[PDB]
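Asker: As a plain string of letters, each chain reads:
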Amino acid sequence: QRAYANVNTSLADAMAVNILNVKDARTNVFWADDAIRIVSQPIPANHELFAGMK
Amino acid sequence: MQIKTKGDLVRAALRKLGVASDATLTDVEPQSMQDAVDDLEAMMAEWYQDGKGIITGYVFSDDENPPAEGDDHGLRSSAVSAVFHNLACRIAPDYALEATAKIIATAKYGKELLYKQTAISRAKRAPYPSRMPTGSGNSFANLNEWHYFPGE
Amino acid sequence: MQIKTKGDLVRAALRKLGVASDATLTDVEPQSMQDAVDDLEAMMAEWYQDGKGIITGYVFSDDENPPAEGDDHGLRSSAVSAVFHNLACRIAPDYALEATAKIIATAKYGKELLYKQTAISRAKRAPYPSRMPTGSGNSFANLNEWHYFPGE
Amino acid sequence: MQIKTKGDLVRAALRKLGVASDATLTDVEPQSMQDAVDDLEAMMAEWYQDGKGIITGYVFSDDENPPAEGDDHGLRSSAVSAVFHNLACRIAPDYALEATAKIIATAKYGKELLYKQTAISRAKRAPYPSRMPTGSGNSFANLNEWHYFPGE
Amino acid sequence: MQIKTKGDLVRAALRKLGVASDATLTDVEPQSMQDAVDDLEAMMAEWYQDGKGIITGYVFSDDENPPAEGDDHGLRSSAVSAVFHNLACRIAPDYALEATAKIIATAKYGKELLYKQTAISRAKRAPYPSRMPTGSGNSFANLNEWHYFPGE
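Residue numbers (the authors' numbering), protein chains in the order written: chain I, 324 to 377; chain v, 1 to 152; chain x, 1 to 152; chain t, 1 to 152; chain u, 1 to 152.
Careful: at least some of the hints might be erroneous.
[Stated by the list, open to error] Some but not every residue of chain t turned toward chain u, in silico, with C-beta under 10 Å:
id : residue
1  : 39
2  : 49
3  : 50
4  : 55
5  : 59
6  : 64
7  : 101
8  : 102
9  : 128
10 : 132
11 : 152
No wet-lab data here; the hints were simulated from the structure. Don't be surprised by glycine CBs; every beta carbon is placed ideally from N, CA and C.
Hey, can you work out the whole structure from these sequences and the hints?
Answerer: As structure tokens, this is what we get:
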């Protein structure tokens, strides 16, 4: 389990959290390409709606 | 109907048992009324197993409303006879008595007739399994790409 | 029929029991007759399961019009014997009684004879299934493109 | 429910037996009350075989809190009748008694209604054996190369 | 539980029988208590066949303690009813009595329930015989030369 650690220390008692968005700003977004995926299916054919629709 | 309250049910049951009826020139002791009402409540909660038993429309008396006697039972007109016959059978042992053969027969018949319509309703058939094709005769389904039944 | 009211039915039942008749020197006090009429109403309501039981033409009394006794029962000429024999059997336990064997046999016969005609009416055959072909020998259906029975 | 404590269960059992009630003239000593509560605890703990017998919600009384009577039994509304009918049957031999046929039949039926839901829940199918193939028709299994069922 | 001693088991058995209770004004006799404790020790020794019979957790008193009564019995909470019902049945003939049908039936049921879990535990299946191969689809076994089952 300790092989998965990503921070040095844990959250301890009076630990102040600091907000990082202190003014309004349009975002710039970077990523590793395989970090966002889109999953897609057709609408199931046995649905309650789409009963008489071709 | 003339049997519209838990007291009416209890008086009918005691009259059937021959404990408290004008044909016997006796009358209901209030303690017996309380005991019979408690027996009716326990029996009705046992029959209606929180929705998975026999459905009759009986309205259980909540704790707050002080006298449980006097409230409408809420039963339909077709359950009253079964309810008070079975109540007479249930409360016969308090007096070291035994409900007679006719009372027992009517209790059985009434309970069966009470559950008849619920049994008819609950005799439902499960849907097709998830591995059953819809066939090519179902042209609409096979054209909308519905080749197998969903299941569940 | 001379028996035209719910109280007439009850009087016939009591006479069959031997408890009270027009010839007896002692009679039942009217609370007993009211209890018997309530028993009759409960029995008839239990029989006629909201239209799905035994059809007799019985007219249930309304609470607004006060006395149930005095209301015509509406039964045909052929149901009176069955109804009051069953009533004698049902209200025998009030008087520490057991209806005799002949009364019980007549009650069974009358109830069965009451349901006979309604059973003959209810014995019906369901239509052809939705997957049943109409047949090419029907001509009209083949030309109208009605090759399969509708169903349901 | 008017029955909300172990003492109330014992009182209902004694009333069913005809030994003591609210209308009675003689009452049992609280030592006998305590003995009957001990019997009820024993019966409940024999039913509930440490979690793998009959599940009821019954709450056991700890020795730290002195009075065993006065603890709410924790039962549902539909189990009270079964519990106190079986309790009456079990405590009848104390008084050189024998519970009557109606109480015995009601005890049987009530215990059975008690265990019905647990039986339904425990009627579960085992998973596939560890040597059974999953089949080529399963898309996710084919994609994951899971060729046999896990098992256990 | 409240029944936490061999003496408590003895008094419960005598209360079931009707020899020494509060429902009957009679009190326990010390000779009867010692004889019942002797019967209980013998009966439990016969049940627990040196570890190969009914396991209950009973603590067999040694000769060191003079009064056998007063010791904790060590039974589980679910064994008390079975133990004292069987004890009452066993010690009935000392007083030329006969245990009632309820006590006999509860004794049978309690003993069967006592052995239920031990029977489930002991329903074990023997390993493969030393003369079967492990098959060739077993990978490891055949690669490390377990061509046959070890057995025993």
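Asker: All hints are to be evaluated individually against the structure, with a verdict given for each.
Answerer: Results of checking the hints against the structure:
no., hint, verdict
1, 39, "holds (8 Å)"
2, 49, "holds (5 Å)"
3, 50, "holds (6 Å)"
4, 55, "violated (14 Å)"
5, 59, "violated (13 Å)"
6, 64, "violated (13 Å)"
7, 101, "violated (12 Å)"
8, 102, "violated (15 Å)"
9, 128, "violated (17 Å)"
10, 132, "violated (13 Å)"
11, 152, "violated (16 Å)"
Hints 4, 5, 6, 7, 8, 9, 10 and 11, counting from the list given before, are not met by this structure.
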